[PDB]
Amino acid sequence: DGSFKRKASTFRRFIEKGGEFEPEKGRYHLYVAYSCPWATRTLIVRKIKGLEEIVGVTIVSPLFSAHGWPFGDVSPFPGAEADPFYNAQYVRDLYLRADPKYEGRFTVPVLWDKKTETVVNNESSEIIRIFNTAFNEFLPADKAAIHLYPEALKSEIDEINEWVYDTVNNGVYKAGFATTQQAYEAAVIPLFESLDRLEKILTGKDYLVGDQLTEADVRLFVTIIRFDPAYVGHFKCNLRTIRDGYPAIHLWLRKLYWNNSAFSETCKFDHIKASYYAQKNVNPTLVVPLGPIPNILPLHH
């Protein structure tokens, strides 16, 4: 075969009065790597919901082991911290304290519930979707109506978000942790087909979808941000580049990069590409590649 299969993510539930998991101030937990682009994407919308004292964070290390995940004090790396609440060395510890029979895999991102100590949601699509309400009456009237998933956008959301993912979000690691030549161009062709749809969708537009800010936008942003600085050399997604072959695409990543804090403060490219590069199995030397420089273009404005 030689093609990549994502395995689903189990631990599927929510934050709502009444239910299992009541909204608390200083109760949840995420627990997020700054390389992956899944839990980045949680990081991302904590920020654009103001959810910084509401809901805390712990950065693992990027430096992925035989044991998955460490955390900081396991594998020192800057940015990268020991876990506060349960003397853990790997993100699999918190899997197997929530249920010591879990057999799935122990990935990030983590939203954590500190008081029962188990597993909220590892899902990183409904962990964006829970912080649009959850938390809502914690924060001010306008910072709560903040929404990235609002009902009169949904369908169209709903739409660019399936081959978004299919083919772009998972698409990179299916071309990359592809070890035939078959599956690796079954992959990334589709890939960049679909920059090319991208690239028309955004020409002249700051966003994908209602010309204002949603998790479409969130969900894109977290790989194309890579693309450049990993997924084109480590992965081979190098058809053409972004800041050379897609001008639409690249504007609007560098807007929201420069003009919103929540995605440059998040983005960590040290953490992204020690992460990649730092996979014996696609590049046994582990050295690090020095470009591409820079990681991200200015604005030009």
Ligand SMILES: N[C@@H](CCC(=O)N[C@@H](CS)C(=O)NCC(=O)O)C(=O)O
Second form
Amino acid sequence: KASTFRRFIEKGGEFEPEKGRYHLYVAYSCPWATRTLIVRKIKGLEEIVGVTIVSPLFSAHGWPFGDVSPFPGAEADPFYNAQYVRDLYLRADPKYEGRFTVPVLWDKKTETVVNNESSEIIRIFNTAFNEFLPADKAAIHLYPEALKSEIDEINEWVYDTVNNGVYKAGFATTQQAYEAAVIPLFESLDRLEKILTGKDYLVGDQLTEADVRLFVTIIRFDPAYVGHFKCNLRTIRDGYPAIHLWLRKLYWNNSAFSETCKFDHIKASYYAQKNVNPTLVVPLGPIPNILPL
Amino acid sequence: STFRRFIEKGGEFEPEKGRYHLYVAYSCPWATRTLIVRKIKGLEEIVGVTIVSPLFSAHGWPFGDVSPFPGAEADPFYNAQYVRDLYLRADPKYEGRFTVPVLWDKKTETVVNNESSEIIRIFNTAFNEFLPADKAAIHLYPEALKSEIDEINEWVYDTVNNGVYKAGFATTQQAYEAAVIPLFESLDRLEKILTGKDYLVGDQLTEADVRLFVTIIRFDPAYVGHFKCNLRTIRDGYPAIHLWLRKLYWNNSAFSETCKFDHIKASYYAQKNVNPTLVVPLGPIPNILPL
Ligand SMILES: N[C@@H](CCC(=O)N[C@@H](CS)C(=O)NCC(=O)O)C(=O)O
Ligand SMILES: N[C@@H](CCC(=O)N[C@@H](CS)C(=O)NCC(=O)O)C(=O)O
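What's the form solved in complex with this ligand like, now that we've got the form deposited without this ligand?
Below is the whole assembly, all chains and molecules, this chain first.
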């Protein structure tokens, strides 16, 4: 089901570019939301766009805030005493009938959802706030014109077979559906492994959003997807050395990627999914969550 | 286990060819012990075997005609539908568990022994009169090594053979962690023992290797994922264990001919209480890496 709040932050538009007006609601466990946290740090937007961390322990009413479901690092809603993320959506639109997903890019002025599509939120962040940033941060652009077509091409099959692929495998309820998802997933990892052989970045020998969008899946792979989602033909760390190297360089050499990566949130969210893991036990491995360089 | 008799000249169960029969599941590591030793000792035409379905049911282990699965067999002797039918033929008032392995006596129609650690010891000597000289000479629990074998078996049994189950069937975070940490500590200890060695004890194959093997061969294919025994894998975390394991599997056909990874994975991942989706993962690929 596609996200249905698809607005932008544009001069003269509904959502004028401003400092201290827009706010992200996210779960650290969610790769889609983590995309927006990574790009928020890359672009130096921490004092321009606020963030609230919901509890990673998904509930019968959806994402709870940290007062409802305490967890280290999870926060109460600062603004409306919202108890679950759905309260934000119903505040924005009492008749809303979509899903109550994170990430939420929220407008505090008009009290509505600007955009709840991670792929668009991170593109908003490329330019919408540049006037509020120092020159070096303003210049960063993870979706530049010259590389857009190439980025779109690799994004298309990474999204379908890898970003969504792990879920297609993990949430499959038949053997047939599981196999139909996990095989194209690992074929695409085989392909990414070739593309990344001898390279630090997927596109253009520079960091782009294609890297960000892949990273949020791959960083969760050995710690959660291999076991919980049965994506276990091989691991990243032992089966895919070019991807493994690319992953570790992003994580260990760029604080935007490590400081937004909370492996305890990640593992707690996935392994609390009772329909898949009814014992609710969280495995202690793999050790470590990500190997050093 | 409560049938604990032996096969001895002059005893209740005389050593004979064609009289005793094993009922086993390929998925069960305890039962696989008896299959491995059966082949090591060349007993295939002396002690029969029937393979039950790995698809454990509400009535226990079914036979292959009840719950078909490649390689699972019908009961040849009593049209048994489930393993419990053998136990109840032996003792209608039996109140124990209907476990495999079963070492069965076709003559008196009873369970001689349903304890794997004793079945494989019976196999060291009880049938030697029926064997060629080279098979007869094999003894996997020899007097000179017994004390050392017993020492390693004690903690392998407690923390590794049983440990994977203590971890996988724990229902609290606390109990899982209490089981999985000693499991991997004991793997660390075994890794040191096996560095530069082909065998755990005495530079020769013993029952200690067999009893460890049945757990380790199931480790990357099932225990890591299904039982959350995932601090590290054998193949990438434990090179000395991995080498020992691969030499046994690839160089001694008793260990490969009796290793059915499809049965192994089907049994574990059909356990609804742990894996309600019932999906069987396609990995790891391969089940065991080559030498
Ligand atoms: N297409 C959205 C997907 C966001 C999404 O699916 N988030 C999940 C968490 S990983 C969520 O909030 N699920 C709650 C639900 O679907 O009810 C995006 O990329 O931002
Ligand atoms: N102590 C016995 C254990 C045998 C055992 O537990 N077998 C399991 C399969 S791995 C079984 O048959 N479980 C059926 C049950 O408990 O009902 C031995 O080592 O032979």
